[PDB]
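2 protein chains.
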Amino acid sequence: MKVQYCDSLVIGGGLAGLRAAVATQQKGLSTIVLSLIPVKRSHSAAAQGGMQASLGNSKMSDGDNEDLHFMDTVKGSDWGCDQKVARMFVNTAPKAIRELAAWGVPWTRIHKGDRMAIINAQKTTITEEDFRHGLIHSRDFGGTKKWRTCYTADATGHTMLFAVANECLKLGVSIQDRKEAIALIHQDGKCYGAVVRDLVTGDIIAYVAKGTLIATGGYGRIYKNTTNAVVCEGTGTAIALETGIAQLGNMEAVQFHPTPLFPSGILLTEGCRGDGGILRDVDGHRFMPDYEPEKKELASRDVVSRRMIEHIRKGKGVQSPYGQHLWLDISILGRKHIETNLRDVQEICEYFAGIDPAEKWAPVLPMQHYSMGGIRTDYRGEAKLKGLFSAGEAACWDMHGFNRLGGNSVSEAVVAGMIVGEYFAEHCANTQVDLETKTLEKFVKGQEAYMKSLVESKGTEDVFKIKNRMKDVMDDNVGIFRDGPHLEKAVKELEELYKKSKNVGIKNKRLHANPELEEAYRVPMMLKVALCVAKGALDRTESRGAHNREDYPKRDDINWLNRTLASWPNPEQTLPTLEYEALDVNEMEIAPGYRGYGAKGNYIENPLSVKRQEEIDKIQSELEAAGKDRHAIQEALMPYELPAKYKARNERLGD
Amino acid sequence: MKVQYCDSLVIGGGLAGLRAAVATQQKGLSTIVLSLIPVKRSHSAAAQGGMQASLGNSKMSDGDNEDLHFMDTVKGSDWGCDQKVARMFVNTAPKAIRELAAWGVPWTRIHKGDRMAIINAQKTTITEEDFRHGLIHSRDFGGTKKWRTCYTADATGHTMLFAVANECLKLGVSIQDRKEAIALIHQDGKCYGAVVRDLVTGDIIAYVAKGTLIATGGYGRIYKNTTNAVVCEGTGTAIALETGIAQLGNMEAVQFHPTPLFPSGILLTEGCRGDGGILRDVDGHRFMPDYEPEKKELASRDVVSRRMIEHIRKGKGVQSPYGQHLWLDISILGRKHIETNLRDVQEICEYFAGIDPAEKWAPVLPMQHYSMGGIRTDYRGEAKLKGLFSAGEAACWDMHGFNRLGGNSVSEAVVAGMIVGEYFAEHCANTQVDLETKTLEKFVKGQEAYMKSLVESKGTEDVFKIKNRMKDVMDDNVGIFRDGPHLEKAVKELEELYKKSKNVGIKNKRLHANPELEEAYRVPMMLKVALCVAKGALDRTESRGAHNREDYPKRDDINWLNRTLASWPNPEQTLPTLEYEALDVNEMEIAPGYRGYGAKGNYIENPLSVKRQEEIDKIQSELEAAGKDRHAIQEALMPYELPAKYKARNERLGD
Ligand SMILES: *Cc1cc2c(cc1C)nc1c(=O)[nH]c(=O)nc-1n2C[C@H](O)[C@H](O)[C@H](O)COP(=O)(O)OP(=O)(O)OC[C@H]1O[C@@H](n2cnc3c(N)ncnc32)[C@H](O)[C@@H]1O
Ligand SMILES: *Cc1cc2c(cc1C)nc1c(=O)[nH]c(=O)nc-1n2C[C@H](O)[C@H](O)[C@H](O)COP(=O)(O)OP(=O)(O)OC[C@H]1O[C@@H](n2cnc3c(N)ncnc32)[C@H](O)[C@@H]1O
Ligand code: NA
Ligand code: NA
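From first to last, the protein sequence lines stand for chains B and F.
Under this note's numbering, think of the first position of the first sequence as 86, with each following residue one higher.
Under this note's numbering, think of the first position of the second sequence as 86, with each following residue one higher.
Among these hints, one or two may not hold up.
You can't tell identical chains apart in this list, so a pair holds if it fits in one copy or across any two.
[Unchecked claim] Distance condition first, Cα-Cα at most 30 Å in a straight line; then the derived DSS-like pairs of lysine-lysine:
(1) 527 with 87
(2) 87 with 469
(3) 275 with 527
(4) 275 with 537
(5) 421 with 381
(6) 275 with 530
(7) 112 with 594
Source of the hints: derived by calculation from the structure; they are not laboratory data.
Chain B extracted, bound-state conformation:
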């Protein structure tokens, strides 16, 4: 038997995984990072919008602080997030930027002077003072009133990921790629590591550690149309769910982006709309104003996506051999504006769409983008399965609720990596584990048996046809608009698809470098993941954040101010087991109210919200009058935790 031991095992080499690996290595814990591919190729590298953090450096950032950021995040989540976690987040975000800055991340800087700026509420000019010069800049992104999205030109994710990966190399972390975690080792409700398959040799190896962290990214590829990389299939989520102990949180909370290139799904940054981009239909008609006379194509993403789907349903969509789409017209911004400010958008359309965005229109359509759902954890990042932690998009640390804020996901990866990294490091150093060879042997022989059975199956089903059918079902039934009747149809079919997936047969019989065999065990996992999203989408009879139930348009704060928890305790069952974790309003710093975007009074008000609201107004006013800083007031409304290391306040310009 092959066994590898390390104090801290990290599954996932993206921003969250690598940063967490830094936190454990820097304090003497031997740590291994497992990854499907070279770590600096993770989906994190694709980020081009930026990272949200309240620095308050630039003119449009002036006045910004933890409180403002915190609020956008909570109201953005539609109150489905753990506000305490959101506080831990907003507070540490500033120092994540600065640390990355200290590590070489080439953040775009501010320079004294006036500049051409688009506010589309006034496409006026902005002035940056001299004392702001040389500090980290920010851009308008995510719809926040305060511009706090930091960026490194148009390759933010790229540079960020490279810095963290390089720190890992500097600290001597063990990066092992082309290695896939296919199962978690656990006994008596504690995680002891993972059974891993070497994608090249095909060897099944047991990786044991005192603590295991899953930072496997999103499960976006369970949809046919998605912005995600081809490696975001949620298997990380799956192996956690397959322990029968750990739980998945809000898997039905999937977020879509409105303007990905159709049909490839290659992202066309939000800056297109923000700078003036125009959405047109089959007739070339600018339709957003029709639906949103005020904000027009500058409405919140959530809205735009819905409108685009509505318009298409009204039969005004473009007919294409890959389906219906709409048009994105950026040409009206001028050629000089594109070749300098959107020089990267011009390359995307040429290389992949075969068009010049300054001369032609780009085919677009909303598609799956971010996964709010994930392995459920406490504020420390630990799952119900002791010793198993999760961070980043793969988790449901839950600071996103039902709508993650644009710019908050890459931010969360690094931040959670820092905070969970600490808690994880502490767990590993302090906990003492009892490793039984009998158990290691059970899990390793177990997966060897499984691989063998796959290679020997005489089943007649095709893994690809099964996989493709799954992504169609998800796209057609679990997208932007959902209704009970269709969800039931989807759940039923996904469950049937799951059963047939076990009668798959593959042509290639080898155990090493076998892409066909990879699909063989992955698709079944992807199906169990899809079932949690679909079935959870069916059972949640309300419309919250990204979850829109046509048959239940109003957000139900009475019966649904909770969190969906999925599990699969019985390996023989064919549908996920759902439970709910109620969000206690009494622990909220901000009581459930209007979110800012969309219809109004579109929510069944909960009576305890009102009571709590007063409690808030009361306590706030008494201290606010008694001469008290925003800090003391915050502590009085909702005290949160933070590792000692990140407890410090964030110095800002104008302090």
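Given chain B, work out where chain F with the ligands should sit, using these hints.
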């Protein structure tokens, strides 16, 4: 923390270790072999006499079989061996040769014809039939009547070791050299591996396995004069003794060789005496006939060594700046006889003694050669500490008793490696282990602390002066002739030397590649080992095999037909704890009698020997008359065990 896991951990890369490694790897057990130096440089490579095995191929081998070999071994052991183990041995020896033969070991072959041969009972000519041609040859060695010592010209150990090492490479065994086991990991009386120090980096690493085998060789370097390599310091033995659970068997049973080159200790093969070599004193007087008129310089080694020491004591020894020695005259054999039959002895004397053995006399003196003692095990090779096995010279499997047979030690290494290898393999595959990080951490941090303390000691003692003093004490008091008064003096001084060894201070402070630090922790181990030999030599008031007590000249079969068992249960004690394992005559296939060499009736007869002897004569005659093969008779006298794989009988020429 650094942890390496394998199913089967082997400490020692000599014949016994490597062969055992083959046995576990060939059956799918991942196995690691740890060694101080490259495995093919082990002391095993030095063997030039040959390997004893009853093939019965050659003329002088004709008639040979398991029974004859078995008897030489038991009577040779002076009845201190486990006869059942000796049976397991003699039976498997033949197949060890043949397997090595199948592996390429270039065994010298037989060729039809007559040849010049020396029997010194008749220096006549020998004839090898045509049906013997091409089969494995044998030579006169070990004093056995039947010539059964197989050899590969004059580098038997060399070729044998290379074949086994190469098989290890072929099977993909993990050979990790410049790695030293400095402590054994154990909890609840079970061995889980070993704490290892990387001699190059200085890293302390924990090697965990389901089974650990110690095949570390002999502890000969605790003497000043020894044939052993500089790496035979018994640390393997020490780490076993330091667990407080495992026991050492007959550590006082040390064997000496009579003709090593003085003072280097470089061996001058027994073929010198056998071919005609003459022993002379300071006056050039051939003295052996004086003491042994019959056998003369052809008496058993045991005798020759004693005579040489007696003669020296009588003041007839040569005075040299390194002490007193005697002379070995091979010149009288002629120049042509040496340059063809002893061409290798001629090189030894020139390169190291600066003399031509065909023109001058070589300075000689008896010196420590083989260690019968070692980690005590059952017939399967397992120690009192479960999961810990031992094989080869490092063990006390006990087939040697108080006098190992010349040609039986390299034979035992490979044989035990095969048999213990099987039992070891079975243990590893079947047993299930519970590895607690708390324990691994205790032992690893424990040895790190120790190294650190060594490097920081302000002690003023010198490790080398302490080490050298130890080897003098052993040479002067625990050699060929021993008496109570002197042994008490030695024990007392060794115990004082041990205490001062803990106040050692070393100049070089680094933790990597530090030969001074190596001596720092090794010498203390060597001292605990010496104490077991010395103190066990003091408490055994009798003269048996290599153990000669002048004050107790007779072999006591009444009070000493037992085995010395040394332990060190309390880390605070300063002297080994001895106990005795009684040898049950009722389980002996051969009752205690005369050994063949030396004085006669020199043993306090045990009454149960006689009773048993009849039981033997009776049972033998009844079956011998009732028409029964030597096999059925053996089974009736003393049934022994053998792994299924080696249960087959040994086909011989003339069957
Ligand atoms: C898709 C996307 C997302 C995105 C974005 C643009 C695109 C095209 N732009 C963003 C932006 O401007 N601002 C922002 O805040 N977020 C943006 N996002 C979303 C964001 O990039 C993600 O939320 C974030 O990158 C998630 O980071 P995370 O560290 O969690 O994950 P990852 O980078 O995907 O890496 C996952 C790693 O896991 C390994 N893996 C996965 N499964 C396994 C298994 N089974 N075994 C072993 N390793 C596994 C992957 O190899 C990978 O390295
Ligand atoms: C010294 C000697 C012995 C000898 C002989 C000639 C000489 C000069 N000629 C012989 C002969 O002709 N016929 C015969 O039957 N025996 C003869 N012998 C004795 C024989 O060679 C030995 O009994 C035999 O070789 C012992 O084999 P074994 O496999 O037990 O041991 P080894 O070869 O010495 O190797 C020991 C290995 O252990 C490693 N080691 C030791 N301590 C440690 C620690 N603490 N940690 C890690 N590794 C360790 C050594 O590196 C070595 O590889
Ligand atoms: Na998530
Ligand atoms: Na021994």
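State the violated hints by number, sorted upward, taking the hints as numbered earlier in the document. No numbers; nothing is violated.
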